[PDB]
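Only one chain is included here, represented as structure tokens and corresponding to the form deposited in one PDB entry.
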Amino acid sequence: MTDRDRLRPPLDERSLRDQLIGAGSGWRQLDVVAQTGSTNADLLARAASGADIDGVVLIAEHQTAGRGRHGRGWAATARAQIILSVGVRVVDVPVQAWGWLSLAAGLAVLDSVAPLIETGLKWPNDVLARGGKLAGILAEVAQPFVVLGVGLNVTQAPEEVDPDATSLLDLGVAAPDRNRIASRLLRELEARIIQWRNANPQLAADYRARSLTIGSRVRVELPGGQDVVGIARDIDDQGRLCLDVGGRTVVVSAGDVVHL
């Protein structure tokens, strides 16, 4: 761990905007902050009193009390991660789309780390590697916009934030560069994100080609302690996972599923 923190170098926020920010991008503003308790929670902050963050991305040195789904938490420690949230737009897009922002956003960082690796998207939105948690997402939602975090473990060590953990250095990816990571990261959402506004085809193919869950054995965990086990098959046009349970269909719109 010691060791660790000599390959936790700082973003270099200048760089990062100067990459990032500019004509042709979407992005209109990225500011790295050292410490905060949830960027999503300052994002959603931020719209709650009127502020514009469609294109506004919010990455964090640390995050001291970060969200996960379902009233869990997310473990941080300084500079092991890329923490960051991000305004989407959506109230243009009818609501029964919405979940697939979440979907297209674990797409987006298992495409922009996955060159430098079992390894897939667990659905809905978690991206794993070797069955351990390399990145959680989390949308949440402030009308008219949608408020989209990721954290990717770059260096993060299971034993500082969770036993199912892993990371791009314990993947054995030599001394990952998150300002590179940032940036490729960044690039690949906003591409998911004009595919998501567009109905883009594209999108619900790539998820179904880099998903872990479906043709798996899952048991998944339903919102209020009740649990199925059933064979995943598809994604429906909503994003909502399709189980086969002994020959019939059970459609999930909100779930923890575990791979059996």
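Numbering follows the first chain given and starts at 1. The term rigid core refers to the most C-alpha atoms you can superpose between the two forms while keeping them within 1.5 Å. First, how it differs from the form deposited in another entry.
- Superposing the two forms on their core leaves just one of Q202, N198, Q35, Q226 with a Cα displacement of at least 2 Å between the two forms, namely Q226.
- Comparing the forms between the two forms on their rigid core, the Cα displacement of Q19 stays under 2 Å.
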Second form
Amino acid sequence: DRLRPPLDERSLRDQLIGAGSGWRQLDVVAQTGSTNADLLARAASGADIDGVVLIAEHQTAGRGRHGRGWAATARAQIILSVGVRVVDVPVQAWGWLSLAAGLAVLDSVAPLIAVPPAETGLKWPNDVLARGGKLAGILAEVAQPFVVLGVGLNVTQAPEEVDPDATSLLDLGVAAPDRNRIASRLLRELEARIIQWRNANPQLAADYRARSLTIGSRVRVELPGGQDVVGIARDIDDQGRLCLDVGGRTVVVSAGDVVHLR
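Requested next: the structure of the form deposited in another entry (the form deposited in one PDB entry having been shown above).
No partner chains or extra molecules come along with it, only the chain itself.
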């Protein structure tokens, strides 16, 4: 469209690689299958990917969690993956890492949209929402010693292109979205949260809770088989899992698409 310039690999490099960030390497590609895929294939080849950033202008076979698939239109989103060395950390709290990316995405964009912050938060465990619409999705995938973190931020996507519940920074009150300034600020907020995660900083758990749309509301979790538990989400436990109050007693749950029911 008219509002979708391409990126600048050079600018990003100079702002981030060694200078204003801890990231070691940065590549923009015009088209791949899945940025997660590429960084996994690359680690399985023997390459160290701790610190590597991969950004794509367009992505064709997008990966969602639990099987499903993410959809993209050329230059309309910010689509990236990054590599982190994890084996220095308990194998609990690895799920707390995909959570952490959620916060890095709500932080980077919160100072840009002019919607009441109280109507923006994080849906557990891998969605980001602004007035009911899906703003970005996150996927963490494992390949020890590394984790690969994928973000898909709808910058200028329109909903009638990838999903009817999507919205975007454009549709939220942003006339010119600067994908270079947004990508650069999000890579910084990522780096900040990952270090919190590695040093078991408890500010990570508290801030997630503060900005959760899931916590504090009746929710519904749909499980394979036609199963459905319904409860109020009281807290996240230390593995990154969802504590529910059901008839007074805690049911912990690992994943599932959660449905907010106010």
